[PDB]
Amino acid sequence: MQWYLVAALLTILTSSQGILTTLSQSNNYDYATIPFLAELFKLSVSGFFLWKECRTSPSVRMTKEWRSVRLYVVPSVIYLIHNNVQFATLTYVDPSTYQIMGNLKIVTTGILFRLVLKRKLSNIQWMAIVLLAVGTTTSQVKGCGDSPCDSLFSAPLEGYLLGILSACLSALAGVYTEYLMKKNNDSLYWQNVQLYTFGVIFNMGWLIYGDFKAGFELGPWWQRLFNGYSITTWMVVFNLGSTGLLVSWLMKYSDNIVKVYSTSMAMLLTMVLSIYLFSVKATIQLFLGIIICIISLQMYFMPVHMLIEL
Amino acid sequence: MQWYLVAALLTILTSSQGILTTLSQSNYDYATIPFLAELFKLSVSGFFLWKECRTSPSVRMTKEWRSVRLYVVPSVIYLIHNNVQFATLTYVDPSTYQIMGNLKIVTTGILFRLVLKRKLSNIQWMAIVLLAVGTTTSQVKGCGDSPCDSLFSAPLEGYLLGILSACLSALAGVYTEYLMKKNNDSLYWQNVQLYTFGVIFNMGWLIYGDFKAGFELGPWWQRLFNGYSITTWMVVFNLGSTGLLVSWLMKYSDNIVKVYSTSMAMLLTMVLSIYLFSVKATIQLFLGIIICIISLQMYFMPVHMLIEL
Ligand SMILES: Nc1ccn([C@@H]2O[C@H](COP(=O)(O)O)[C@@H](O)[C@H]2O)c(=O)n1
Ligand SMILES: Nc1ccn([C@@H]2O[C@H](COP(=O)(O)O)[C@@H](O)[C@H]2O)c(=O)n1
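Protein chains in written order, with this note's numbering: chain A, 1 to 310; chain B, 1 to 309.
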């Protein structure tokens with residue numbers, strides 16, 4: 001119920017789906033179908049709570065007018081375009097280069113927060129947003145004697161340009177979602193229901209397109225849907241659903257910058273946990289990135305009188 | 001130089017590329033490795049051919065298009081095979097697909113008799129089957145395995161294509177043996193022709209893939225080295241190595257020695273995965289090994305040793 005508990009919980013669970021994905025990714029299923037099931041989980045859990053809210057509550061705010069309902073399409077259109085850009089990018093860059101260009105969403109959300117959401121940021125705060133992006137990048141940077149030597153700056157221009165466009169779309173999606181939640185006095189569960197309906201539709205249309213690409217002659221998406229699905233596979237479907245509901249909560253009762261701080265701190269926690277479990281070699285880059293990020297946290301969230309005291 | 005040392009070495013190295021693949025499958029494209037692996041074999045064969053011509057008084061080499069053009073066929077089969085493999089996986093989970101893979105043992109068996117016209121005793125036929133049964137046994141999904149593959153409950157297309165896949169797989173191998181043994185030619189010249197067409201077709205595949213997206217995205221040659229770790233290069237060499245041994249066996253041995261090596265590699269991988277990846281040893285592993293060890297004895301044991309005390 002407090003934004004900082006939800007944000008902390010999102011951090012805990014964003015790193016859970018991180019580890020559970022790799023474990024489940026032990027050589028058996030389709031990660032094309034999970035986002036569909038993950039959306040279906042969110043759509044049906046939101047609908048449940050909407051139903052329960054209508055039967056429990058004297059008044060439930062719900063804008064049924066197509067003027068406002070149709071606007072929940074946009075995020076899905078952005079995310080569709082985003083997925084094409086992501087796929088396009090990876091045909092110029094190795095996934096590590098792509099993973100590290102991903103920290104640009106922190107600055108692009110920053111900018112669109114100001115531009116689209118028209119919200120005010122101090123200079124100290126702007127410097128924190130940048131520090132966060134720099135701090136996360138720092139932890140990811142390829143250390144000495146790393147077998148996949150990514151020759152820096154030596155990737156094709158298309159790669160760099162698309163990586164940048166990817167981050168702008170990623171940010172735009174999140175920032176537009178916040179707009180939708182906060183533009184209405186409506187119920188969180190009704191906003192979710194509309195949002196995640198269009199997501200289900202578009203996820204589904206994607207899989208139908210994929211089947212169209214092979215002339216519908218091969219196996220259809222609905223038949224294949226459950227193939228290889230272990231328990232761990234189902235854990236991440238729920239886990240991806242869970243975190244997605246928290247993101248919506250924060251889109252309503254918080255902001256994108258709290259989101260990207262949660263997401264960023266999850267990525268650091270994952271690396272810290274990977275040392276004890278997957279036994280990954282701890283590096284100075286991890287150490288440094290954490291300190292930058294902890295300080296980036298304080299800068300942005302610390303009350304401005306605490307910044308100035310002894 | 002002795003077939004049984006090469007076969008044993010192929011077993012050792014077929015399981016090496018097995019582990020090294022998963023370890024490296026930790027950043028790259030497994031679409032491009034077969035291309036580099038073929039290039040390695042083509043250029044290592046060419047090297048030894050060159051060296052053989054400069055070292056040897058006489059080198060047997062049939063340059064006539066009548067016989068050179070026949071080295072295309074394996075590549076055409078393997079191309080069709082890869083389409084079938086991809087098609088299959090859109091009806092079945094990879095485990096179901098992996099376990100249907102033991103049918104290549106019986107399909108090589110049959111085509112050995114049909115295409116290569118070679119003679120098998122009944123004891124030998126029973127060994128070929130036992131091998132396929134023994135490998136399947138080790139793979140079978142044990143109690144409390146999270147991906148519960150509802151047996152027999154897959155689509156018909158899946159089962160039918162899995163079967164067709166095995167026939168093509170076998171046909172490719174059996175036809176290769178035909179090519180090696182139909183000539184008195186140099187191993188290195190047979191490799192050079194074989195692996196030239198393989199390079200060409202591997203390359204045409206990647207060009208097709210780029211055509212499928214209108215050549216608008218990243219081209220295969222630019223992308224070729226992306227994500228390539230040292231580990232990645234180890235399996236490229238390792239996949240090249242084993243492939244040269246397969247050719248040796250296509251010439252101076254037979255497909256059945258191949259599939260015994262491949263099968264025993266798959267068992268060794270599971271045994272090694274217990275100490276390294278710490279996979280839980282099962283009775284199915286234990287049973288499959290005993291079946292396979294006995295399947296080995298049956299096929300290779302001299303028939304007087306089978307009958308003594
Ligand atoms: N694999 C995926 C995953 C998501 N998407 C897009 O993202 C949207 C789903 O929303 P989220 O995944 O952001 O919850 C869909 O509208 C879909 O177009 C996709 O096109 N391919
Ligand atoms: N990923 C792969 C690997 C091989 N192949 C096919 O297999 C042939 C290469 O032979 P090997 O890789 O079996 O030595 C090529 O002609 C190619 O058409 C493919 O089409 N896609």
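Wrong hints could be hidden among the right ones.
Partial selection, computed: residues in chain A whose CB lies under 10 Å from chain B [unchecked claim]:
| id | residue |
| --- | --- |
| 1 | 8 |
| 2 | 12 |
| 3 | 29 |
| 4 | 49 |
| 5 | 53 |
| 6 | 63 |
| 7 | 65 |
| 8 | 82 |
| 9 | 86 |
| 10 | 140 |
| 11 | 148 |
| 12 | 230 |
| 13 | 266 |
No lab work stands behind these hints: they were computed from the structure. Ideal Cβ placement from N, Cα and C applies to all residues, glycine included.
Going down the list of hints, with the structure as the test:
| no. | hint | in the structure |
| --- | --- | --- |
| 1 | 8 | violated (30 Å) |
| 2 | 12 | violated (23 Å) |
| 3 | 29 | holds (7 Å) |
| 4 | 49 | violated (30 Å) |
| 5 | 53 | violated (36 Å) |
| 6 | 63 | violated (41 Å) |
| 7 | 65 | violated (41 Å) |
| 8 | 82 | violated (16 Å) |
| 9 | 86 | violated (12 Å) |
| 10 | 140 | violated (13 Å) |
| 11 | 148 | holds (4 Å) |
| 12 | 230 | holds (3 Å) |
| 13 | 266 | violated (21 Å) |
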